[PDB]
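For reference, the chain that follows is the form deposited in one PDB entry, supplied as structure tokens.
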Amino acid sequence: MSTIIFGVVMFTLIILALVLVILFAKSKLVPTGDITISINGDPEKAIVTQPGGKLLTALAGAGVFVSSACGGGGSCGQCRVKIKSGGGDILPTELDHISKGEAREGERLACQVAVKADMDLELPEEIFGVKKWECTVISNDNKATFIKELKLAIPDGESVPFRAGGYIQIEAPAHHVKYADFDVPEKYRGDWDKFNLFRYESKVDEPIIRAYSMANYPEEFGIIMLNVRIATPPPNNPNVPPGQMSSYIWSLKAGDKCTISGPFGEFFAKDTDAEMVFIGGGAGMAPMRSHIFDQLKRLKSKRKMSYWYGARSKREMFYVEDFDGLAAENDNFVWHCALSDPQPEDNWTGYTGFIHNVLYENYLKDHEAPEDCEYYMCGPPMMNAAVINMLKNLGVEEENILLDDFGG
């Protein structure tokens, strides 16, 4: 019994001594002072913040919004900044989106950058002109069986300064909506009840952030037009949650309110005299309408242009009148559409099959020099892989193929 008391007291004193000594060693040896973060060169608007956190949360407070697609976490690759002074060393995950040649300039993903020392950032050429808006839904008309067109009105006459091919970010709070809430006209309804996709419903508990490409050109003031495809569970395993944000925008209707955040973008057209070939499909009609209307109307370019859209049926087609009006007034532009499963009701006398086979066998095969054109493309994933493969077998260089995958 005499040994037990002694053992207990010495155990406790050893543990307490180690804890107190490590605490005291910590108190003197960690700063807890403050560091200053630097932006382009201006002494004004410089961020001071606790060393707790990363560069994303440190930039989030001072009103500087970096492109934070895919909710951070080192996935998108658009949270890239140039750091002049010593920040933090590279991470192997940052090497996935940044190459040894790019990294030399100072490119790093802001998310993995850990703020504990002062830094000097050279942010990409005055992107401080970014806003967070709130808009009133104008219409939510259904454009295809699985694609709905969301229009929004920017309030008080303000207009979004953006370029064709760019995108905005739409944030939504926690909610719960059911697929019975959706206004799906009887024109496109027959395919839904075949799977009875009205069954599903989803709910989220913290707000989400996603990006969407605009479907209007810069000189169409006072609005924003989008094309939003519904993201349903895959056919193989259908017991997984539906798309969080995709099911929200479909739940909106006239008069409702949503918030958007600023103009971004990298899918811009090059300024040359070369011919342009626009390839699209599905929800990829959004940038392809923005690029084409920018060329023929705002820039009024006289280059030769062409649009090759690939749909599944004539009920899946839309914006037809807008393109047929351009092909009549302008003789630089031409339009073609190819269906996979044309139905007898469609009255279809046109191209049939995949778009990568229709484009090749009709136009590219006899072209005098197909390597001399600029190819812009946006569509479903295996449409991008089929087209790129067909173009590479013609000699086209990847410096000419501009592809915008919808978030991989």
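Rigid core: the largest C-alpha set superposing within 1.5 Å between the two forms. Residue numbers count along the first chain shown, from 1. First, how it differs from the form deposited in another entry.
With the core fitted between these two forms, just one of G166, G72, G282, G262 shows a Cα displacement of at least 2 Å, namely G72.
Core-superposed comparison between these two forms: the CA of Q50 exceeds or equals a 2 Å shift.
Put the two forms on the same core and the Cα of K302 is off by less than 2 Å between these two forms. The Cα shift for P155 between these two forms, taken after rigid core superposition, is smaller than 2 angstroms.
Right, the form deposited in one PDB entry is done; let's see the coordinates for the form deposited in another entry.
Chain alone follows, minus partners and molecules.
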């Protein structure tokens, strides 16, 4: 027992000496003081956060909302801030989301920035105009087999200032839903009972946000109209959980309430004075209605326009009366739709097949200059990639092709 006591005492004293040395070193060698963040010039009013923390979290701390999609981490890659003086570096998500796109001015993804030193940023005013709301559902009904028109009423009579093509983000809390509470009419009950779709159920236990595209042009006030497509399990593996957000929205009915974030922005129309060609499909009728209406109603422009929507039947087509209410008096607007395989109850007398074979054959095949036009498209992954292939084989530049991926 002469050596055991020595061993215990020496182990304890050595570990204690090492710990105390490290604490004494850190006590004098790590800064910890006042750290400011001065943005968009310098009205000295700034965000004073302590040196420990993260940038976009420090920004969001005081009424400044940047576009985030997965709570943080770097999946989407739209948290782009101007860094005039701060951390000078590039981090793994910068290589994947702001890939090379050389930024000499300095525009790094805010997620990866370190707030330890002092920060000097530049943030455009369009970030400062975003707001949260509490809206109530006016109606929720099918316009196609798996598309629903979620209309919300912005309170106070105040309305959202946005531009055609922008997107809100929808907030939903922890909850439970089941499919047998849905308002699917009798016109659309066929396919649901055929795959036994009503058996599915879901529940999420955390907060979630997914982005949705407004389907009304800005001059329509006090309303945010959205077209949602419910994301059920794919037919190959129907065991996996269904979509948790898209299923939540279908549960809502008139008299509920929903909460939304301010106007985010991308995929805007240009003013080149060129011909505009719109190709929509699926739940992509939302950005196309905002684009076609913003031009004919508010801007009153005389650019040559066109719209080509690709459905799967006549039952799948919606907004058909509104568009003909536009083309009838505005003679510089024309629109066509093309059913893939119409059921014999349709008796369709127009076009068939996919839209890239209907757009090319009827219109682009005999066109004087296909490259001079502007192409705005928004649809499923199968339609998006099939058209962009066709447009490139016609000599069109990726600067004339505006695409709106739905992030999936």
